[PDB]
Amino acid sequence: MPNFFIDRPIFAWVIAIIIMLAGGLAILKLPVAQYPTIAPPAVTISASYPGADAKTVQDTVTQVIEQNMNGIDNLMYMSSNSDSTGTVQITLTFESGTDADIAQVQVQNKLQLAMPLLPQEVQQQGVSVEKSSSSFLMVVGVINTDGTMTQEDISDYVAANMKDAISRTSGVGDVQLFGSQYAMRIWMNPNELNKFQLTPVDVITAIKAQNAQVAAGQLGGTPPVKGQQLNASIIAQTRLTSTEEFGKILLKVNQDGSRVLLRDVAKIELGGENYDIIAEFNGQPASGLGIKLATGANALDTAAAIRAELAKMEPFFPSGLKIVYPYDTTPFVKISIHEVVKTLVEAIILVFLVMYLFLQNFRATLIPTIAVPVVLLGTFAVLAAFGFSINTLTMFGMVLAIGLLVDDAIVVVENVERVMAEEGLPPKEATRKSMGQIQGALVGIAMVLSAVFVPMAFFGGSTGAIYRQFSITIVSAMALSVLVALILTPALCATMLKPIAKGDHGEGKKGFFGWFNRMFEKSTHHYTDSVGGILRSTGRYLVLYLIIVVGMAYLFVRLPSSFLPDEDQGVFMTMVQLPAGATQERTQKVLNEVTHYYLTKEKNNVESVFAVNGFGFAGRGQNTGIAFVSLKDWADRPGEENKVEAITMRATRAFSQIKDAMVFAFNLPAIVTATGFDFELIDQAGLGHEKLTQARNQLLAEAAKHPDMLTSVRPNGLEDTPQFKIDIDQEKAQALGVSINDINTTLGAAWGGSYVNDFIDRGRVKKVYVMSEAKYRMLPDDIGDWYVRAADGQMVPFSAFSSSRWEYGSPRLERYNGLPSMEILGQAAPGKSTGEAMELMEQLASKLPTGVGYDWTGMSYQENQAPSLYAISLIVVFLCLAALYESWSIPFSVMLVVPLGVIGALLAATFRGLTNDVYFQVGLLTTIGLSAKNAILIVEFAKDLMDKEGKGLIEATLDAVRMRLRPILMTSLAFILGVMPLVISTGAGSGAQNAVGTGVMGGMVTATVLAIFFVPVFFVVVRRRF
Amino acid sequence: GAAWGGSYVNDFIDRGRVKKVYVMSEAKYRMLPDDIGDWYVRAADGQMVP
Amino acid sequence: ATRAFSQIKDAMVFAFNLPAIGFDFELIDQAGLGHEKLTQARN
Amino acid sequence: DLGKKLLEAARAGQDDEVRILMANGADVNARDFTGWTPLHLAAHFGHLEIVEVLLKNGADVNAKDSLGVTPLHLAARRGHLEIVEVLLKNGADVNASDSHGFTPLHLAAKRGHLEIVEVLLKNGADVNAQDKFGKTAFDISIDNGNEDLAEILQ
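Residue numbers (PDB author numbering), protein chains in the order written: chain B, 1 to 672, 676 to 866, 871 to 1033; chain C, 751 to 800; chain A, 651 to 671, 679 to 700; chain D, 13 to 166.
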């Protein structure tokens, strides 16, 4: 209560100090990240099957695992795919609010109990289970400019000298290695093996025997014979450590004395665990580390921590080994945080100027300078308590709140001044009277703004996570603003304000201020003259109002929607797709041709090109690839002609000439997620893969007959490719004394590669792979070079007990919720909503062959509440004003100001060509909130005059509108100026600033220019009808 | 490994409860470094060798 | 129902309304008695 | 190349695109690393309209694989009887042998397809012929366990 702290200024100071301290403490022990966790918890089960095709992996691994994912809590849906690179990946997504830790341990446990049902080699390799919903803080590239070490060389070094150190660094939660440590490699030679009557079976047997850890006992171990003096351990054979030792492995001792070593039938060397992917950084061999942020950790304090650790392990790097930073989200956070402090600072300076321009005294201009910072620090404490963090969302959440904070400060101060000038009341008793005029109004406003913002924090799923940040942030600042405006501010007025004589409006005074006062004091007459005339012709303005409303609805539905504005993140990607059967070498040429384009025709804007040959977000293999382009700073790429979208389109148009493959550039998502749908075509019977493909093509062709509804409807997978089937004749095999096991191992190991056992390299355990030399496993004509020893001891060629044929199979098999499936992506045609393009796709799918179902996944799910929430919101707002005014009717004269603020925002957004995103929507709610605040005060004053001094309707409205002119004008002037920097901001996170800027400035101008004229009208017409 | 270290072979039921079955050399033959040559293994032709 | 099933020979047939929503005694073999001797203790 | 867009259409079963490519003279003898032609694909994946349109356009009926396989071989193995007859009318070698010695009959008898085996027989297909193993149409039927196919090929 104001009257309590007017007599007790010191008490109010205590509260201000406590809030400041609590806030200061919070702004030091509060997490810092770019974005909060918005995506639903998701766990990914990864597994590997060396040499296995897409079909084998699915029918022995994927399917076995999927059948055991039962009993887990809060599953929304399961998804998986099985590539021809021997890899499988099962992603389980969970309900929002699900403890990711509990979800993962439940997934992990069910997987464990299913481990005994998997193939041996799949168990050897191991099965991973990790949280996949996480995002990278940065990726640390490690290249070799010296050209003295391969990517396998870099990888091993990073894993044995860097990975651990980085993991232990403060702030980092997880670390992914973009490569693989060394691994003993035995490249067999079929020509030599046959010469000594040997097979890959022998080579494996010998390695498992002459490379193992054999357990022995002790000397004088318990129970001992009494009298034993020493107790030592016995050491037996132990795993090999060098390449030389492996080559010395004995395979066969001929009957002539000589022996045959593993070195004699195979080249022995250290290589990588796999050779599927080859990475390059500006044409130079490279590796890297994908770093994730630990929960509750500070992104800035972590990025600095890893750079220190890297610099601390720098003097140990081999020659020509330098580290690069292709990807890094740290700069975004620094820029974001800096631009927030900047905005908050120049907001206080502007309020200082406008406060001195109108009031013309320092003591008064000092009050808002204290009230505002107090509230800010305070809300940081409130955020901390709720468990939030400093992030891009909550940051902008405050730069939109400063308008409501500055307002509450200006209203209390100005009202006290206006009172003393209209009557010879000293500050103390003038503050009491002044507060007595706005006490109830300020409380009611707090209720209304709560009713406006709190329901927004009830949207479900990912979208709800984003709104929840803004809402809670703004509501906290709002509630904490009113609280200060009832304790600290009233005390600061009755203490720091100097007396002002009655009638003293500075009308006669020297110079500018004297002129300004006469100017403004005469403009308040011209203004009340206009309102007076307006109230003589209300009908004419009721019509203009409807025109505004109608225009609002029109300008609203004609505004395109996107979830979050697109940004220039200083990086973008370019996909590369070669035809079926395309080799890794060919793919490389295209990637070189792509990298050469960036480091030449775009040298001014491109810093580096991370070419990853063999990877893709929707398919992997030798015929695929990605190029992660990293740009120079935003201060080196001036103009829209040098931004991501301009460079991207210019790059895609340039790669069209390449007749070798499909190559296109594209900016990445704002948050790692897009628009369009995520359609899932499901084989709900036993139809098979070919029958499912037909149902897909059939639906894709049908969707092609609706370019006015569906656009870019494409499969999100790989196309079937020719496979080389080998038919082993069981009869002729048993007729030659050849074991099927011998056959399927010499073939499986030589051509597919087999992981045999482990060895120690410089104190680290590493894998041992056996596999044919490249030149002996390339073409179908090589299969005849491989021999298999029979029982009689003779070597039998593969071309003796087998046949072959070309076939078609899938390189990537997909599944959804345990059933076969194919993912389909698309978007709604220009002008149409997603809710319409989805409804159509359901209709097209209903006409598909019997036994084919469908479902929505991802964004398209967690897809509906807006009107329901703002119907409850609209009601609560009404009930609040109803209690504030003790009237069922009056509330209407306030709720009618809504469109006035909206129309302006729509004008600005449409004019500049922006979208109806979350920043825009929140910008609306604050504009609506502020303009509403104005109406509440204007109505409160007018109504009061009628109830107290029994003034006429028009008399009261004109007097009320006059008293509120300056306050409204000031807060609006200081607001618009403080937002300008955001509207014109270019580059560096501007996409967000421009949204919160144009939407607010445009809406703020229209919400004050029209409100000061329209709200007096609303009050009158409402007071006349009811 | 079986003689000097002891090898766990399987389980057996002792008075109702499942317990282990161990195979290890008698203390007397696993005390000295020279006792390593007292142990014989069978060859492919059925001949023993230290 | 249970009254009519008591007529059935060599079978325990009970129809019960699930409780919404007697004693449970447990005989324990503390020593290594064995199953047969435990049965004797039950009988 | 239009030849590639033809291989995609011939496999996909898009008659409309295929005819269009015909207008535009997309190579009818186009190949991929397996040696399969648009006629190979169409026969294998069974679309007739394509097969006919392709044959009308000068396509090699006896186009061979890198492994020696032909369109009759493909159509016989898979199930398409209609395709088999059309191919035979256009001069498909009924006795074409694989690199492994397999003929259109073997692939037919291997998978059953009694209705397709009869057609191949009334066109002069050997009974006699041996695959790499030395099995014959009868040897394949007996081992497979098809009593009905045993009578036909006897």
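Read the hints as simulated data drawn from the structure, not as lab findings.
Just so it is clear, CB atoms sit at the ideal spot from N, CA and C, and this is done for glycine as well.
Among these hints, one or two may not hold up.
What the hints assert, rightly or not - Calculated from the model, a selection of chain B residues having no Cβ within reach of chain C, i.e. all distances over 10 Å:
1) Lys-195
2) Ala-216
3) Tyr-327
4) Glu-423
5) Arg-765
Said to hold, decoys possible - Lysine-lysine pairs mimicking DSBU-like chemistry, simulated, CA-CA at most 30 Å apart:
6) B/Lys-850 with B/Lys-694
7) D/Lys-101 with B/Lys-735
8) B/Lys-510 with B/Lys-498
9) D/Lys-76 with B/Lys-728
10) B/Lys-55 with D/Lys-134
11) B/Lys-778 with D/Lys-144
Hints, verified against the model:
Listed as a non-interface residue, B/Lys-195 keeps its Cβ farther than 10 Å from every Cβ of chain C; the least gap is roughly 25 Å. Distance to chain C contradicts B/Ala-216 as a non-interface residue, since its nearest Cβ pair spans about 6 Å, not more than 10 Å. Look at B/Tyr-327: its CB is around 51 Å from the nearest CB on chain C, clear of 10 Å, so calling it non-interface holds up. Once the 10 Å rule is applied to beta carbons, B/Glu-423 is consistent with being away from chain C; the minimum gap is 98 Å.
For B/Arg-765, the condition that its CB be more than 10 Å from all CB atoms of chain C holds, with the nearest at approximately 28 Å. Restraint check: the Cα-Cα separation between B/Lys-850 and B/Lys-694 comes to about 15 Å, which is no more than 30 Å; the hinted pair holds. Distance check on the hinted pair: D/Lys-101 and B/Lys-735 sit about 37 Å apart at the alpha-carbon level, beyond 30 Å; violated. Between B/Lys-510 and B/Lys-498 the CA atoms are separated by roughly 20 Å; this keeps the pair inside 30 Å, and the hint holds.
At roughly 17 Å between alpha-carbon atoms, D/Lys-76 and B/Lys-728 fall within 30 Å of each other, so this suggested pair holds. Restraint check: the Cα-Cα separation between B/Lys-55 and D/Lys-134 comes to about 39 Å, which exceeds 30 Å; the hinted pair is violated. The straight-line distance between the Cα atoms of B/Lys-778 and D/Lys-144 is roughly 27 Å, inside the 30 Å bound, and the hint therefore holds.
Checked against the numbered hints above, the structure breaks hints 2, 7 and 10 and satisfies the rest.
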